[PDB]
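Visitor: The lines below spell out each chain.
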Amino acid sequence: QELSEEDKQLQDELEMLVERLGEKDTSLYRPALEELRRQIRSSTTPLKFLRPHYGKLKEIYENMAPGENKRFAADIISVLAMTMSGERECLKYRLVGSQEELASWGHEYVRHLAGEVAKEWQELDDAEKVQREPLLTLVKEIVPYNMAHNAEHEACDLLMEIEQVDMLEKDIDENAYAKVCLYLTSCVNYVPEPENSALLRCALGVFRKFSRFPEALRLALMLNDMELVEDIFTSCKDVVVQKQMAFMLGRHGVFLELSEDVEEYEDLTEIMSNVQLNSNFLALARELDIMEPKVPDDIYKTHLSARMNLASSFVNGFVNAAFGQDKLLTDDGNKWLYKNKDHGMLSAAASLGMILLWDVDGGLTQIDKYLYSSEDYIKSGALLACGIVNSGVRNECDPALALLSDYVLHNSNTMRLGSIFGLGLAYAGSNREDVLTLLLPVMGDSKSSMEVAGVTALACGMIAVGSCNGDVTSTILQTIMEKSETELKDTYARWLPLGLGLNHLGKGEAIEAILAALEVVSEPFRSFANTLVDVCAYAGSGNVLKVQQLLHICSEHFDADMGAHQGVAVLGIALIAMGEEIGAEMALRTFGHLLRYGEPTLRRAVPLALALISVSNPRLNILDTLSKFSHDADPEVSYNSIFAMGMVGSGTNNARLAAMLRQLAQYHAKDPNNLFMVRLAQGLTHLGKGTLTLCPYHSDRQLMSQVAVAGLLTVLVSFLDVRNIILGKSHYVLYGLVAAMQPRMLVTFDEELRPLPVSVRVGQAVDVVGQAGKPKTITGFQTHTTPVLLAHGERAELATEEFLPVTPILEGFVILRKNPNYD
Amino acid sequence: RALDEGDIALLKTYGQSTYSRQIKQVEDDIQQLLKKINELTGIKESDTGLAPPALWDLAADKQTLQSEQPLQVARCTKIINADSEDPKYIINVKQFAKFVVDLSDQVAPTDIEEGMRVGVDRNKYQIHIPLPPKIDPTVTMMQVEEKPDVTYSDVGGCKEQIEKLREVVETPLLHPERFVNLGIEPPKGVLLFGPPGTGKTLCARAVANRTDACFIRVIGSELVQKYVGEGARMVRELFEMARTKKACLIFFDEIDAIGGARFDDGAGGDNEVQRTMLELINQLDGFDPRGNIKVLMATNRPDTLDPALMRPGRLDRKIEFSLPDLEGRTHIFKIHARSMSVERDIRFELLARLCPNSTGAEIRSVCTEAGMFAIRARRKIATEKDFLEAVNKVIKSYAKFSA
Amino acid sequence: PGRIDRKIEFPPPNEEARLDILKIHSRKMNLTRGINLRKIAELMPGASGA
Amino acid sequence: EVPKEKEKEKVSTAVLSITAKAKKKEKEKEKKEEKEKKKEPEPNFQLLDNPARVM
Amino acid sequence: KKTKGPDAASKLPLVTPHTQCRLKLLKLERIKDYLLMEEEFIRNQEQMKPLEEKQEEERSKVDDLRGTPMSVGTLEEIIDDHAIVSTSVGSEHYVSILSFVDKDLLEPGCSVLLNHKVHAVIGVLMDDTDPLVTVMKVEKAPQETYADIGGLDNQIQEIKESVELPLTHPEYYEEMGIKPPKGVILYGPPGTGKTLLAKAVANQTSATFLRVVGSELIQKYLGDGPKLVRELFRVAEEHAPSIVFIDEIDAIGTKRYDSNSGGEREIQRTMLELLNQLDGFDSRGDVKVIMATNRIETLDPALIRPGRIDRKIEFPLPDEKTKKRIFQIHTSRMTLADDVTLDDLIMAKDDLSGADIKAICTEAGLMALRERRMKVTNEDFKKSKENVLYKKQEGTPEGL
Amino acid sequence: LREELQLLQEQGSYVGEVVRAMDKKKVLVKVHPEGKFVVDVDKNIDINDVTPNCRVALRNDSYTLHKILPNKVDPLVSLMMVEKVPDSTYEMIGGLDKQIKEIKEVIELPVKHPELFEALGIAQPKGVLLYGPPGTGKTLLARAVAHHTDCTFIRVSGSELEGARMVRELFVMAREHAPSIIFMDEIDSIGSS
Ligand SMILES: Nc1ncnc2c1ncn2[C@@H]1O[C@H](COP(=O)(O)OP(=O)(O)OP(=O)(O)O)[C@@H](O)[C@H]1O
Ligand SMILES: Nc1ncnc2c1ncn2[C@@H]1O[C@H](COP(=O)(O)OP(=O)(O)O)[C@@H](O)[C@H]1O
Ligand SMILES: Nc1ncnc2c1ncn2[C@@H]1O[C@H](COP(=O)(O)OP(=O)(O)O)[C@@H](O)[C@H]1O
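Going down the list, the sequences are from chains A, B, C, D, E and F.
Using the deposited numbering, the letters of the first sequence correspond one by one to residues 43 to 87, 95 to 353, 367 to 621, 644 to 907.
Each number in the deposited numbering comes from the position in the second sequence (counting from 1) with 22 added on.
Each number in the deposited numbering comes from the position in the third sequence (counting from 1) with 307 added on.
Using the deposited numbering, the letters of the fourth sequence correspond one by one to residues 818 to 850, 864 to 885.
Using the deposited numbering, the letters of the fifth sequence correspond one by one to residues 38 to 118, 120 to 438.
Using the deposited numbering, the letters of the sixth sequence correspond one by one to residues 59 to 219, 226 to 257.
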């Protein structure tokens, strides 16, 4: 083999130089290495020739006398070790080396030096803190090089590897901080909890420094630290940032209780209370012309019975939800409930409240007449309708608390159930001390039935979701202890762990104390309760241990039938890491293999986890798999598959999916048990005319709203065993979607808070270039007026650089101000 | 200047990321697990029928095991050739067999007919089960078509063509006067030809106006096929299916390949076409005249073969149209405007004048374009959307003439 | 596609290229001590390795 | 006479990187929160009654 | 004989960086963890059996009656109780299966088992691994998305609207009562065409896709060229409603030749049958036929008419911004240089198409990998221009 | 041996080409006189012991497996239109040194290491054309990189006459090796054919 003539000549020249450097006398050692190093650091701004001289160069470096000659020798060994590395010999030589300016030895060398520093920083033991400072100083020298030469994302990699994101704040300038913070946010989804909080805290630090509060609030909501949310809300002072914070709290649904000393406090609490949510939503619905009450009959396509009529009423309420415009239950509503049979009048009135949800003024007046109804079920449904109306939306005088005064602890089981569920939906996320101090004593009542006690626990859990309310947990545990185990573990105690999971939602770690106190409970219910509270607390964390513990326990034979907790393990499989697309599309495939070879109880609970992964997101593979498994032999499996399709298509108005359900309705026309819930799935698909989505992931589909997932999980827990409970009595548990029902369109205001007709470009927004933490790139600009339905996969962007939003996140509400360069 | 060996490995290790080798090992393990879990399947059994048939229909499979000695008369099945005066049956078998048997005592000689497939029991080859297959390939399922074609306003009524064919198709099906007042049988045939256009729409209208003996749309291009005898058999089963379906009309369409051109290149170019011609004449010769079945042949040009002079005794009454005038075009506009969300307040007569002899297909096309322009404007209204109706119809007439 | 990657062409062997092909083909064979292979190849007008 | 049988049907948990990364985090929390009678005495020093099957 | 294929692969192609970094590493670790937890889950579940119930009721009743010896044969016809099956060497059996009878999966023309001796069907080979007569659905629903192409916003919006008239808002023209399968007639320079394919993948993000390129001047006596596509489009209607991409045959296979008779029978058959299928009054289905060509002149007058084939779309040459976007897309995977030499290569360039952009980007890496191997080769700033000349544009004597 | 003769009176063993090895001790097998015959698996060989694309011995009536015979399909039809890897080393190739410097870069580099091409971003070298005069230009460096890459020596002229099918077996199945150069000779298909 024959190299280039000049390449061979230079190779022989370097061979002569190294032999001269390898000679006996050291008087020529210095001149030889002076000549050598100049061309060694030539190609980096050569290394092939000195490939077989590894041992000789090591001997020369060791033989070199201490001083200048030795540290250049260590310099040459280091810059050559990047090729001849059987170990991190580059860094060990460089630590012995000069420690002068390294950045001039080529980009390849400094990048390899940066990584070896990261390896040593991780490798060094706790007792070794001598060399840590020199590596930190070396890191603080290479970060400016990475910032200049667009290497900031790997600079973030090494600083997070060495846990020095605190000085990442001090070094990064705003000119490139947006992509660094986006890179941090992406890493947040996968890093475990202690460094996850560390990256969240530093992300707040960067945005607080750079006056980037609107996205900082998004990150604060990820941190679920209400104290930090209050601190950063105080930190920002401008009127524009104050009012966008209140939209974000209002859109999230959690009410922030503050003082009137702040400027424009009345508007801030109003927009946080979502008082104008209903007015804007109806106004945009009218502007789209989507206001006509869609009859359940022509949804069914009847061109070719008491429970079936009930399902028709429920889907009508789902379609006309948040609207308040439906004469079917308003004019002849009394006739319909009178014609209705048995237990369905409560749900029909609650469905009417679903039509009137978020319509406080309109709903209360139109439900006042039905409040004085004769039947106990109608009265209870009317009271539940009031709670649905006041659910989500906050009010200054809070009419729900005064309206539900005698019914909060009323002796009648049905009347108490409606009020308790109504207060739970109303005070969901309010965390109000007065509401808690009035409903927890109702939890302590012994006259209430087992299911009534469970509903009280559900209400307490959704009110105090993600609050770690100690007295709520103590009452929950005390009520469980007082109740006898034999009657506890029958079919309805499954709500008590749900309240515990909601109260400790997104916290973790401390759950060991709760499960230790719960350890006294017998195995059939303890093994279910401890798993449910664990998965709910560790939801949205990517803790793939908690899923594999679920996978291990749901694998057991478990065949009195304690194997029911295999189902909550399946729900926990999706619940832990439903956050991003990864951890959801593959746990989806896990559910496929669960159905592919699994227990009857396992395959009963799998569609519930499938719906939890992609609620309101009609993924084609999900819809096909659910449709194929909707005809399984097990009736409960078919029921779960029917409901799963309704949830994944909920609030989408997906035409082809609706056709599939209509085909399923024809298939299941003979059996009403599947038929009425196929109708239910269609109503879920057309719920709110598709204007309100049901996915609990908001703020660019990366924030977990505690109230919405609380109500969603309550429905899925109920749908663990609907083969018994929806057939029997739980026609009221389906109304937990109010928390998860949030609008998915854009409402644009201005600095004077008036609706703007500003047009935006909307289309698929998926990553194209991954060279750095670049913002998600949108394609398919189908621009039109600002009311646009924001679904999964596709986002919105301003048509021109003329209106500057308060936050680049474009969903729900946003204020657009005139750009200084607008012309 | 290749300088690759050794050098390429060094520069492959020259740069990279700090853990590029790590992710490579990670993704190789990802692919290793992917193959392992594709090998570690779920239902790892190609044979299906796991339990729904293997729990209760299995219990009756015990019954068929108790009756396993019977129900074994399957063996092999083959056609029959002919027979003697009565008892003996000389048969050609798919085993090339010169086969004769005493027909099984359970089977009378009346049921078995020449050219029908019968299974033979290997022990004695008795005529046990004479299967009437009546198997239809997928293309034949296309030759047969829907019966209820649904009636319209004479599908853009061209009063000449329809009224000439009603006395030859509708009247014989009504059978009010064919027997006595007019000579024995109605006119022997109908040739509803014409340029691409109104052809066969009047046939569909006559099908809807008549009884359930409804037409099937067969294509001559489909009928001509590779090899020899397949087209002959296809025409035979075409007549069999039409005869069985209440003696329905047989609608031959695009007769320019089944009859071919007026010539054959060397009598070897299109000879299977000639094979189909001989058998089709043998089928639609009628033999004994019968006012039950009807036949209609529709092409665009009179390119029929030499039987074009025998057909005056068999296939007479050649009629055509496909020449819509102003009154024809505006009536086609009215029946098409019956569909969609349009109303006749539009001055559609102006557009009928604009397009001279625009068939009925283009008028349907123009109406389709008008609906497409309405949805493009996002207005589902079309009753009063007449100016927009006129605008889209005239601009597309411009595009059709010159684009 | 499938051919846009490269369109490498084969030049007919030159007199020196033909010389080398004789050497490759005549290395296996035995012959006289003296031979002017270069002139032998150059005597052939054009031709190819075949 | 004694089977000493166990029908476990059990297999372990295959958990590798982000499992083990927070398993390392659970490891971070879990850190704080017959010879004298068998050598000599084989039962061969017994006494038996006068009915005794002995070879 | 074919309905669907098990899609349990393509594990989350959304690797956001696509380059070696810590974020990509963590995503791969989460991917690889999730694979083991599944292999955990299924293995733990398959062996930790819920219950040991005899011989799973399999070997007790059916496996013995299925027998050890078996032979495979096709199933021909179905009757109420028995089954008419055409086994090997032309054998036909009229026997009632009652063991492992999955009536949905048996179907006519599928391989079934025969237990020998008293020949009774006892099972069906559902895989059968041999539906190989005419295969065009093998490349169905291509994974290419909108993001793969850029700078073609006007055409992407136009094609999306033409194909989202169905699926999205199907009641729009359902109330208008037209149900138009007009399709799209695509123009474009000969330097493009698979963009006519790449812009088609925008609609291929929904449902399946079929391709007929080159085909033939259907000399076949049966013709059936456009007619088996009609059957395949019918099969597409059975599946998710697919599109038929017939680029370069709407021009050659459907040519506006002045000749009337004696024209290879394609004008007689192909053009007429194309119009019959493109007319909504004959065939239903949400199938949209995308007609793409590089010769607008050869448009047949039947194909010219927007009355049956509407939604004419013209593909123009890329502009300066479009050239910047396509070069960015093609060079994003390769990390061209740290100096980002982007506009110098396109500012003066004219008449450069997508295929040329891909070729020059590929040749830029090849020339650097030839001998200039420097990771992000510092020569790439001008070698990208060196291989953008590359001659090979057009060559024909002198004539000038 | 007499009992072996009596066993072989029932044909002894029947040769079968194993294709599919099902989990329930089932192998499809192919027998030359008839073809596929689904059967159980012998006791001496487990379910995993069955190796596809090999030969096996069956029984007379039940056709139960007897012994997994070594390869018989490969020796019989080894040479149809293809060839395995020859040596034909590049040392024999001469006078075209300035040309193989491009073939090695365009063919040897992707086959030896596609990781660098994937890291390069451009990793689609698929076809080389290799035109020249007759004589020098027949088949060489199609047998040199064959040994340098250990792919194949599949040599098809293209002047065989239907063009459909045929190549499908060589494109996937009859490769007999994941590395494949599949060298085609002069492209007899004229422009536009
Ligand atoms: N008189 C008419 N009135 C209404 N529509 C017509 C009329 N003539 C033709 N059409 C329309 O033309 C299209 C096809 O017409 P028709 O079924 O008569 O012909 P075809 O079978 O397609 O063949 P050909 O055009 O060669 O006769 C249909 O959309 C039909 O509505
Ligand atoms: N504007 C573009 N942006 C991104 N990729 C493109 C663009 N144009 C073409 N391509 C890609 O380059 C390839 C060749 O494109 P095209 O010009 O359509 O091929 P051809 O010229 O051979 O018909 C296509 O496969 C397509 O994916
Ligand atoms: N038939 C032959 N026998 C021996 N050597 C040959 C033969 N044909 C050509 N050669 C030599 O081997 C080399 C082959 O190159 P070439 O013919 O271009 O490859 P290919 O035939 O695959 O195109 C040439 O330098 C030539 O001198």
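If you are wondering where the hints come from, they were derived from the structure by calculation, not from laboratory data.
It is possible that part of the hints are untrue.
Keeping only pairs whose Cα atoms sit at most 30 Å apart, straight-line, the calculated DSSO-like set for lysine-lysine is [said to hold, decoys possible]: (1) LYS66/B - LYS387/E; (2) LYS98/E - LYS66/B; (3) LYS34/B - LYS50/A; (4) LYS825/D - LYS178/A; (5) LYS860/A - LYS228/A.
According to the in silico footprint, chain A covers these stretches of chain E (three or more CB under 8 Å from chain A) [unchecked claim]: (6) 300–306; (7) 366–378.
We put the beta carbon where it would ideally sit given N, CA and C, even for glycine.
Visitor: None of the hints should be skipped; say for each whether it holds.
Guide: Evaluated hints:
1. Taking the CA atoms of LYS66/B and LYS387/E, the gap is about 58 Å. The hint is violated against a cut of 30 Å.
2. Taking the CA atoms of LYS98/E and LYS66/B, the gap is about 20 Å. The hint holds against a cut of 30 Å.
3. About 22 Å separates the Cα atoms of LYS34/B and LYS50/A, which keeps this hinted pair within 30 Å; it holds.
4. Proximity of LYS825/D to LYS178/A is assessed by CA-CA distance (about 49 Å); at most 30 Å being required, the pair is judged violated.
5. As the CA atoms of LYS860/A and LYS228/A are separated by approximately 11 Å, the hinted pair is consistent with the 30 Å bound.
6. For the region 300–306 of chain E, the assignment as covered by chain A is violated, since 0 residues bring a beta-carbon within under 8 Å of that chain's beta-carbons and 3 are needed.
7. A stretch counts as covered by a chain when three or more of its residues have a beta carbon under 8 Å from one of that chain; for the region 366–378 of chain E and chain A the count is 5, and the coverage holds.
Going down the numbered hints, you'll see the structure goes against 1, 4 and 6, while the others check out.
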